[PDB]
Structure formats: C-alpha cells, structure tokens
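A.B. asks: What follows is the residue order along each chain.
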Amino acid sequence: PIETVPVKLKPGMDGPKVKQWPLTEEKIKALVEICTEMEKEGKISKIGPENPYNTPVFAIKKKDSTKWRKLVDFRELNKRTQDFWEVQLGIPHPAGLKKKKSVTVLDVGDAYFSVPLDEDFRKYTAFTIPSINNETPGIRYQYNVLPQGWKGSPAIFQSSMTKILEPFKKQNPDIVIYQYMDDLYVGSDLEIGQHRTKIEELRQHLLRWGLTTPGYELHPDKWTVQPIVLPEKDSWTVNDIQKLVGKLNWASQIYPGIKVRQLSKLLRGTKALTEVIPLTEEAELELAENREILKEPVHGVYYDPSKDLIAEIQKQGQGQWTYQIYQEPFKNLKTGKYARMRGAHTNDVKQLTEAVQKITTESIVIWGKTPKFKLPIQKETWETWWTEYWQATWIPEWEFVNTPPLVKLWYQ
Amino acid sequence: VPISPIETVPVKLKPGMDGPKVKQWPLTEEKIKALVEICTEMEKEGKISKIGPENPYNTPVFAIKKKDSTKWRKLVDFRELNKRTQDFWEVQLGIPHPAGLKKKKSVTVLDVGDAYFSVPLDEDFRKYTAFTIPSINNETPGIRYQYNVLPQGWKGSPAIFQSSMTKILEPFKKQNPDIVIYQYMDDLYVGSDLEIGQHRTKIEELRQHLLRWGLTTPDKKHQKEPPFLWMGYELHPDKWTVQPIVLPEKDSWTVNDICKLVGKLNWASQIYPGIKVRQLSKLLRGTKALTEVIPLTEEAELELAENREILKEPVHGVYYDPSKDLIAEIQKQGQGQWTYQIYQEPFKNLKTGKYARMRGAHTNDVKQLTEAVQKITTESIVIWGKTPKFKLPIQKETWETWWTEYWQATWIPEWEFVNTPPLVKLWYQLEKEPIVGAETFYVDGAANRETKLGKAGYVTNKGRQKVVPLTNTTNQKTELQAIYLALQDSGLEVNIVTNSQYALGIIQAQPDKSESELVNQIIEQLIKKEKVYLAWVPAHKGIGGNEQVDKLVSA
DNA sequence: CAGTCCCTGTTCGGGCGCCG
DNA sequence: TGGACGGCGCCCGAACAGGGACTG
Ligand SMILES: OC[C@H]1O[C@@](CO)(O[C@H]2O[C@H](CO)[C@@H](O)[C@H](O)[C@H]2O)[C@@H](O)[C@@H]1O
Ligand SMILES: [Mg+2]
Ligand SMILES: [Mg+2]
Ligand SMILES: [Mg+2]
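If you're matching them up, the sequences are chains B and A in order. Quick note, the first sequence lines up with residues 4 to 217, 231 to 428 if you use PDB author numbering. Mapping to PDB author numbering: the second sequence position 28 is 27, numbers consecutive.
Hints may contain errors.
[To be verified] Result set (SDA-like, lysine to any residue): computed pairs, CA atoms no more than 25 angstroms apart in a straight line:
1) B:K70 <-> A:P412
2) A:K385 <-> B:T39
3) A:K70 <-> A:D123
Don't read these hints as lab results, they were simulated from the structure.
Produce the entire structure from the sequences given, and follow the hints as far as they go.
C.D. replies: Structure, rendered in structure tokens:
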C-alpha cells in the first residue's frame, strides 16, 4: 500500500539483545490482549528463536488514564539507529515552543501503525512476552509497521505528518507544533478556552486522516529556576560560618567572583561550633557582594546542540527534589526544585519517578532532547519499582550515583 | 524422497564461515556397541541419512548412560558447530515453581517420547550435522551421517524444540481455555477442575493432537497417581515437597565436597526454613584446587549440624489461592543472614528462602533488610505475578527515620511491623545541629604516599590536643583514625569537624558493620555516645581549627 | 594541568545446585 | 573411562570504572 523507506543500523553495530524483565500479572494480561488484536490487525506477527534480537516490553497507564498502553523500551535499538533520525530524515526544533503560555501534548503514536516497515528492519523490533510462573516459554513477536517509541517512527512518518498538519498550520499561522517521538507538542498564547478548542480542532483534523487522541497541558512560561541562595541570620555561629564558607567555596567553581577571605577571617581561632561570631564590616560586604554575584548569570553558558544533556537530581528530604541540567560540568543550562509531587512524604521511588519525567519533559520542550539522568538511588531499588510509576511513552537514559551531601548547595 | 512432519525453523551459520570438521574420539568398544545399535534404528524412521563424501564435515560423538535407566542416551558434541552457528534467542525465561500452581481437582503429567528427535531440522542446514560412526576399534572406517531432526548437543536444539512445541500446543489451549498446561521442555503438566473422567477424555484428545504432529506420549505418564514427579518436586492434591535431598557424609572434606554440599543446601532452602550456608561458604575463599582437602571450622561444623537437623523433619509447601493475599515475613539470622517465609494462611508456607548477600564495604541491617525485601519482591512477581504484603522485624518509626533522612531514594512496599526479635534498628544517630556545651574536636590526618607513614590527630577549643604516629597507612586511613581518636578521647557528647569527604560519607550512612576493622571500632564508639555532631570544612582554606591540626599532622 | 594512588562498586566468568 | 545443550539459582575472585586527593 505504501513505499517502505529502508533503514540500516548505524555502521558497524548490531541489533539489540536485551532480556525481558518479569512482569506483574496485570501487565502480562494487558499485553497478551493488546498483542492479540495487534496480530489480528497485522501490526505484529509471531516469530521464533531464529531471530537473535530482543527488546524489553511492558505496559503503562498514562496520567489519569485507566487504559493500558503498550510500551517498548527501545532505548537500545534507538542507540543503534541514531544515525538515521538525526542526520537524514530528522526533525527541526522550535525555540519558540518554550515561550508559549500553553503547550498540549498529544499521543499521535497510533498513526505510525499506518506505514509499513522495511522488511529487513523488522528482525530488530523483536520482543518477548513472559508468562507468569513460567507456565509457557516466551511468546515472541516482531513489528510489521512503524513501532511506537522507535525514534525511526516519527521520522519516516514526518512527510505524512506535515501533510496532515499543513492545513491547520496555515489556518493557524502562529501556533507552534513540535514532534518528539509518539508525542505532538502544540502551543499557543491563546487563552485557555481558545487553546483547548483549537486542540480539538487539530484532533478532528487528525481523525479524518485516520488517527486517534486518547491531552496533557504544560505552561513553559510558568517554569522557574532555583538560584543558589545564602541564608539570612541575625547572629552567626562558628558552625554557620563554616557551613557558609564551604558552600561559597564550592559555588566558586561556578561563579568565579565568589570571595571567602573576609568570611574566612572570622574563623581564625580554634573555637567551639556553637559560639556566636559577630560579623566584621568587610565580611558583611564580602557576603553582600557574593549574594549579588549569585544573582548574576554564569558567564558563557549556552546550549551546544552537538552535546548530550546530563541531569542530576538530589533528594532534599520533606518532599523536596532539586535538579540541574548541564552539558559541561559547572555550566548549568538550568537548575530547579520540585516539592509535593505524587508520593511526597510516603514514597521516594514514586517521587523520583515523577521528577525524572517532569525534567525529561522540560528538556523536550526546551531543547528537543532527553537528558541522561544521574539518579540518587541504588540500581536494584530503581529497577524493582520504576515501571510501576512510569506514566510516559518515552524512556530517558540513566545511571546510578552515590554522593553523600557534605554540603547543601542547591537547597537551604 | 525423505519425509516432512511439522513446520521447520530456518537456521544459518555466522556469515562467511563453514562447518564442523574434527576427528572422532578413541571410544571404548563397550559404548561403540550401544552406539551403532541405536544409530541404525534411526534411519528407518527418517531421523538420520547416509552421506556421500560430498559432505566434508566430521565431529566426535559418545553416549553417556541415561540416569535411572538401562537405556543409553546419545550426545553429539557440536561445540565447534555451536561456535560458528548463528546466535538464537532462548525462550526459556525461567523455571516454574510448584508454589505457583493453583489447586486443581484433577492432574496429569506426561513426558514426550524422543522429543528432540520428533522435530524436523532445517533443510539447507541438515548437512552440517555430519559426524562419523565407529564399528569397533581398528575394524573399518564407519559410515557418516547427517541428522534430519534436532540433535542433542547442538546449541539450537532447546530453543527450536520449545518454540515448535508451543506453536503446536496453541490451538489445543485455545480450544481448551480452562485447561492449565505447564510446558517445560518436553514435560507437560495438565490440570483442570474437570471431574476425573472428562479430564482424562481431554488428556486423550491432547495425546491425539500431539500425535497429529508426530509427537508420541507413551504410557510412562502419571495418571491416577499422586504424588506426581515434576521438576524435582512431589505433587500431592493439597501439598508438594522437594524430592528427598541427600547430603554427603564425608569424614574429610575436599573443596568439591563443599560445592556440591552448599548448592544442595541452597536448593533445600526453598522449603526447609532457616537453612544457613554462611560459615560453610567462608571455607571456599581463596582456595586453589577444587580437589584440595580443607578442614571444617567449628563455625562451619556447627552450621552444618543444625542444617542437617532442619532437614530431619519432613516439611511441605502448599499451593496458591489467588483469592487470598500473599504474605512475606522476614527474620534476621545474624551475620548478614536473612530468612523469609511467603505464605497465605498462617503457618502454611508456599515457599521459604534466604538472602545472605554482603553488599558494600560498610553497611547496616536496614539496608540489608531493604535488599531482602527487593529480592523477595522480584521473586514473587515472577512466580505469582504480584508483590506480597510484608511482615518485617523493624519498628515503623525506625524505618521512617532511616528513609526520610537517607540521601538516597529508598522504599519498601506495603508492609507491617512484626515484634519477633531480633528487631532491626539504627544503632546510632548523628545530630542535625552542633551540640552546645560539647567539646569540639578538629581532626585531621595525613600520610606520605612513599613512606606509607603518617599521623592522625586533633585539636580542641578547650586546649586538648593529640598527634599519633602511624605506620604502613594511607591518607584515607589516617583520616578515619583522627575521627576515632576524637571519639575515644571525648565525652558522651561531642562535635567533630573533619575535612575528609571519604570518612564523612561512610559514617553518615550510619553503618553498623564493616569489612574494615577501623570502621568497626569507630562504629563501636559511636554507639556509646549520647550525641555526635559531624561537620565538614574544606581543607586548606585556612579555616579555624582545621588549619592548626592540618599543620600538626603534616610535620 | 596530567598522572599516580586509594577505595569502592560493578560486571563477568566459573564452580556447584536444580530442570529437561 | 575424561567428556554435549539450554534455562535458572547461590558464591567466589579477577577485571574494569570511575572519583577524590595528592604529587611532578
Ligand atoms: O541493560 C542492563 C540493565 O540496564 C537497563 C536499565 O538499567 O538498560 C537500559 O537503560 C540503560 C540506561 O539508560 C540504557 O543505556 C540501555 O540501553 C537500556 O537497555 C536495563 O535494560 C537492564 O536491566
Ligand atoms: Mg522482551
Ligand atoms: Mg523424554
Ligand atoms: Mg589535610
């Protein structure tokens, strides 16, 4: 019915071979059912051990949804198709998206099922369904169409997309539209009602081209930063000034203007920690001139599209989570704090899960990329529960850190 | 022509590589007898074929006796063909556990007859199977044969067999949604809530179905006969157990002895509660020869005594009742050893198990408890597909204090307190604020990379001081050492200021146990204090007492 | 700056157990 | 006799990775 665009893996690279992880009973049921109707619709078809390649699969429910979504963890395949969707058929990023007073995210992933897939490629979309208690061996499949969550899918369908979109881009000349994987980001400075309406219009407009829309509302101009702040005290103990100098000393790898000499001066003896130190003139001023530098920008930090984003998260207790996105160490393209997310005061893994999704999302809106996360958690702790809280159709890259808090830089 | 039974699975070699040419083994004639015997019997049925020298491949072969049979089993070492054969994706993702079976009114167990041999190989591939058959020593060359089916010893045999087998069973199961079939290799467990008569009908229908594909089901099948032998277990209408475990009696133990032993005991621990391998495994550390004889410590001797005694009393597991909750309770066993029971109705266990793993140079019981809870969750999710509700020997407040305060994301799923001692606690707690009226010790230590000589010392607001010389040390150790001194020489409440990141991170994670003897003594001191406040300053900033004690410990 | 050294933590391979 | 294949579990030790602190 259509011309299948060929695809090759990056040069000198082999397809993904990644073991399937245990699934809960509800997810195996949801998947067994989803895959049945996907077989009988020809979107996927069973296969066998001859195909050496495998990708992990599991299922999720979007925020407030109650309907299951199949989710493939294509991260490993995408790393090996990386060539394709950046260099050849890829998508440009709208620096205006982030300025819009509202942005709605729509799941257009269903559309990709229309197009077929290079037949030589499907060997690489292989995924196994596990059985509870290993009743059955794995029931294997591979994709006959553009799979959801492959980075190749929104690219190959870009031509189709732009055509379906073009009428509405013209009717509404100034509404920004971005496509990142299974999502369509759509934003406007219209008031809430106008905006919501126009989304519905884009929906119908998508329907008569044969697609559904099971939408998330963001507000990038509400998104704030979290500057480094020094405390406000009427009296300072020796402890206070040690803690302060440590922070400023560390801050000095970011803002080179920071000075500790006048504040260091107060610490000269060998003194008890709880002992009160009144502040000298030159220290009051040095502390002031520091407070002001921490108001400034860091000199010479800008986003370089060739480099990866890196996100670090810190657990601050009491629900609070601070983060910083950066490309090069100490040059932070953004810093932030979250509080009272879902699971606050009860579950860290759920909150951390929520934070990784919120952060990834801002990176998609702002730079059109996902960061590689450095996660403050033990690998096993995360690997046991993260899927349970995962509400999103993409999956960022991560690694795990252990970094005790000798200083609290990012949150008082 | 030859003939074709059931849909084949394409195979290939690793591109631009060629087949199995290697000479046969100097086989004792005793085996050679048993070999040509069943060799010849193959060809009638289409299993093997004779091949013109046009086939240039040779690989050795030898049989080993089938366990619990007079019969012999045939194995073709394909190792060299495996190496050059395309990689597969194994479909066997794990093992079924008995504790995962729901209760079934009627149950059948049927083994498949000559399973690998009833499955067609690939056409274009068949040639590569080439091996050559002895006759008797020095008599004649012997004929060369190519398999028409799945050889034992290929690297592709299990995956293709299991895959084909499943493909075959799909329609029957779709025809009988209410029959439970556990398919493992060639072993079939069929169960239903049917009345034993109708059920057996279905069993027969199935045997017929597998027949259409060339799959024999002899009457070496358990029919009316609980207990059924399945996967090393005995299955009874309401209970199951492991088939009895024999533990070696040896008077003098080698290394190999302890391995077999230990692995047997790990197998046993799925049902017999409280098995401990800790002291017996300690015996295997840093030993060269698997053959070497090694003596049992009074520790590993004691352990082994109680493990044998646990085995003395017969135990059994029960089956799974999806209507009721799962409950996992955990007991602390000492020396980083943990046991657990997963059950539904009190005292009737589904399975038991242990978590002994030592993770980290420095750790505590709360972390190891968390580690076991996760081990137990994944296990549950595999077997029952859901997480048990947890019963844990840790106060609810103990836990709230640990996770809220820890710098890492940590969680335990829905759980409740059980008052069975020993309870898990935190043995000490650092103050969040410097202690008024407590002596403040500034500590440092340094050491010379070349001499490996060093000093550890402290200075205080009250004038107190010390410097201690140390030998064959490191910078890190001297920093730990300085803190230890401050703990030793100080009262029940103390403020300690270090510039060491390393030392501070260790202690802040509130370890109760360490590989390091020095950390243990520090721990030991921390527990005796009423209040300890630890603070960090950067080195070399000319800070306070930190500058002074930095001088002292360089000199 | 680059290059060591401590130290700690992962990963992988090999030995045994168990299943076919 | 000495000896093949896949899956899973435990335990060990050697090899590899990366981070801070010191040293030319
Ligand atoms: O693959 C090993 C282990 O790591 C996981 C996630 O922890 O791997 C996935 O995530 C990595 C980090 O983002 C990716 O680099 C990798 O490509 C992806 O497979 C799990 O799959 C697995 O348990
Ligand atoms: Mg899979
Ligand atoms: Mg058999
Ligand atoms: Mg020093």
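A.B. asks: Would you pick out the hints that fail for this structure and give their numbers low to high?
C.D. replies: 3
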